[PDB]
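A.B. asks: So you can see what is in the structure, the chains are spelled out below.
2 protein chains.
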Amino acid sequence: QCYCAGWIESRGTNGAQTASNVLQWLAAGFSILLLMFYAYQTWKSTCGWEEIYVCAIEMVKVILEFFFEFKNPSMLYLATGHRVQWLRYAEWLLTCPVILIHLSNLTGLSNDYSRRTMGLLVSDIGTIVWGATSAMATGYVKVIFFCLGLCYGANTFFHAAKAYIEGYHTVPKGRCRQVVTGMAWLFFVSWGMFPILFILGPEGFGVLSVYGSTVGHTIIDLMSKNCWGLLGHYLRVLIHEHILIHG
Amino acid sequence: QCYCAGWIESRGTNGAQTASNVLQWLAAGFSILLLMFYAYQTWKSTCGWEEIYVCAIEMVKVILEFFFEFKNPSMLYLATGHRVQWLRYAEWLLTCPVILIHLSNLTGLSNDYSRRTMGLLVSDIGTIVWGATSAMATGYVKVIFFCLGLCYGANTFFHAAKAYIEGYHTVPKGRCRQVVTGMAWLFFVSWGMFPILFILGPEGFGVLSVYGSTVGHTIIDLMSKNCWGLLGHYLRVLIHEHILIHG
Ligand SMILES: O=C(O)CN(CCN(CC(=O)O)CC(=O)O)CC(=O)O
Ligand SMILES: O=C(O)CN(CCN(CC(=O)O)CC(=O)O)CC(=O)O
Numbered sequence: 033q034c035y036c037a038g039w040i041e042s043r044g045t046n047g048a049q050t051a052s053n054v055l056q057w058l059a060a061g062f063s064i065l066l067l068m069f070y071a072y073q074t075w076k077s078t079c080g081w082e083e084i085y086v087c088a089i090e091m092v093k094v095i096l097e098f099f100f101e102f103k104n105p106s107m108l109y110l111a112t113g114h115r116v117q118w119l120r121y122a123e124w125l126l127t128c129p130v131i132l133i134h135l136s137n138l139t140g141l142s143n144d145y146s147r148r149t150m151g152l153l154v155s156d157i158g159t160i161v162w163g164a165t166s167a168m169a170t171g172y173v174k175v176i177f178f179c180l181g182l183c184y185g186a187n188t189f190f191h192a193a194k195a196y197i198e199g200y201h202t203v204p205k206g207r208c209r210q211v212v213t214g215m216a217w218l219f220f221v222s223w224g225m226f227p228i229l230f231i232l233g234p235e236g237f238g239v240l241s242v243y244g245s246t247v248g249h250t251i252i253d254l255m256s257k258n259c260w261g262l263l264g265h266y267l268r269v270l271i272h273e274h275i276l277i278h279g
Numbered sequence: 033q034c035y036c037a038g039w040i041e042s043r044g045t046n047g048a049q050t051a052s053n054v055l056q057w058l059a060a061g062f063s064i065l066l067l068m069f070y071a072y073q074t075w076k077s078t079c080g081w082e083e084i085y086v087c088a089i090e091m092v093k094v095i096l097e098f099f100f101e102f103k104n105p106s107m108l109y110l111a112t113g114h115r116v117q118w119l120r121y122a123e124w125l126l127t128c129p130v131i132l133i134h135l136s137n138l139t140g141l142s143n144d145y146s147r148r149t150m151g152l153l154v155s156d157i158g159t160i161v162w163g164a165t166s167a168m169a170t171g172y173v174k175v176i177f178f179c180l181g182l183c184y185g186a187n188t189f190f191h192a193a194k195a196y197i198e199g200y201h202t203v204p205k206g207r208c209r210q211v212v213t214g215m216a217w218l219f220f221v222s223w224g225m226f227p228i229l230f231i232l233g234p235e236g237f238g239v240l241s242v243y244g245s246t247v248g249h250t251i252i253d254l255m256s257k258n259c260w261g262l263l264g265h266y267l268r269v270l271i272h273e274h275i276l277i278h279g
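Line by line, the protein sequences are chains A and A'. A prime marks a further copy of an entry chain. Numbering-wise, the deposited numbering puts 92 at position 60 of the first sequence, and it's gapless, one number per residue. Numbering-wise, the deposited numbering puts 218 at position 186 of the second sequence, and it's gapless, one number per residue.
Just to be clear, a hint being listed does not mean it is correct.
Copies of one chain are not kept apart here, so a pair can be met inside one copy or by any two copies together.
[Unchecked claim] In silico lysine-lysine, DSBU-like type, Cα no more than 35 Å apart, as pairs:
#, residue 1, residue 2
1, 194, 103
2, 194, 76
3, 205, 76
4, 103, 174
5, 174, 194
6, 103, 205
7, 205, 194
8, 103, 76
9, 174, 205
10, 174, 76
Just so you know, these hints were derived from the structure itself, not from any lab.
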């Protein structure tokens, strides 16, 4: 029984809504098939938990978004008049660190993780924390928290780059290196889009609507989560296939 | 310019307010002196970054709480009528993982971290995510998210226990083991209090007021952050002092 004009602002156009709904179905369907494929491998082979955990969270998230995107607590309706997509940011904290853990052991071989991994993980959690806080903020305080996100974010990209470069030199000279390069390209483009979409969305300058932001986020979600995971899985398969033959 | 009855509910009694304000000063003062002490060691000795990073965040957080506890985005005022202490939960995501990273290398000696560390870190981030979401939630959905927090939380405590036990056997037989036991006692009591305070506070059954919850949280913050860090530092010092003499 609380009233605010901002909570009733348009969520976007019907086309954007329909586009958004359509991409949820695709995301879900693609996630189920990936989950089936990974589960199929777990029984008949070895499969990293990172690919599976991330994909299960992604499947659940699109289902939850489809039904509850605009209901609390998946969207927060603040006394500032603004609406914060908490489901978006919550999901990042669950999935992004696991992706970075996957990135710290690209070959799947080692049991150990370096000091780089810790610095990488800490900087990414902070990035999300600052970004979420910025979305909740109002006025110039919003710009300050976004800047902290960029600082933490730059640290994450820096460490990530190093992991990719060390990974490139660590993997064997043929297809494996081509795959690592593909993973790096896919990673930096998709991860780079997130801050861009933030600026363009309601939390930023409101160029995009809620539905419009959702459309864009679902595409880069598929890129960063499902596709990158599938590539990383394929890389791990190649490493296994190579070591048997070449030792 | 939005109206809601819940946003204007009492924050607590004047005694609770005053108690809360007093503990902020103590927390800040204690954090500054610890920061000075750690900084003093960095120039004149070796000092782990975990103790320092955590303490710097804690000093900043109490300063921010003192001035801005009830201002957005440090408190979220939701269309549900409820007020969510986002500053509390944001701070946990920044500091708790670093504490667990410290816990994964108690002796300060190794450069590597095991698969336990990753599982420990992932489960703790999730715990906070579910807990924060529960605080934002309303009705029975709140109970479901809290349960997910307990599941993730139990996993964290399980792995933490193992780290403590392996750490106990790894450290030398005298004072070092006594210190690890002290750290474990301090850790489980302080960490266990968080879910208890959550239930007792406004986000739970509202036995405690906002100020009352703040009082309790500041005490366990000092226990879990500053004191546990100081003990962990002391342990690392003992390991160093022992290895020179005993190899
Ligand atoms: O099947 C349909 O008609 C579409 N869905 C989704 C419609 N959504 C709007 C949206 O998110 O696009 C309803 C809602 O989220 O409240 C129905 C439903 O959620 O029961
Ligand atoms: O010095 C004082 O009088 C106390 N502080 C704190 C008073 N607080 C209330 C509280 O949090 O206890 C003011 C506020 O947070 O708005 C003054 C100030 O913030 O400028």
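A.B. asks: All hints are to be evaluated individually against the structure, with a verdict given for each.
C.D. replies: Okay, the hints, checked on the actual structure:
no., hint, verdict
1, 194 <-> 103, "neither (40 Å within a copy, 40 Å between copies)"
2, 194 <-> 76, "both (34 Å within a copy, 31 Å between copies)"
3, 205 <-> 76, "within (28 Å within a copy, 46 Å between copies)"
4, 103 <-> 174, "both (24 Å within a copy, 13 Å between copies)"
5, 174 <-> 194, "within (30 Å within a copy, 41 Å between copies)"
6, 103 <-> 205, "neither (50 Å within a copy, 56 Å between copies)"
7, 205 <-> 194, "within (18 Å within a copy, 40 Å between copies)"
8, 103 <-> 76, "neither (41 Å within a copy, 55 Å between copies)"
9, 174 <-> 205, "neither (46 Å within a copy, 52 Å between copies)"
10, 174 <-> 76, "neither (50 Å within a copy, 39 Å between copies)"
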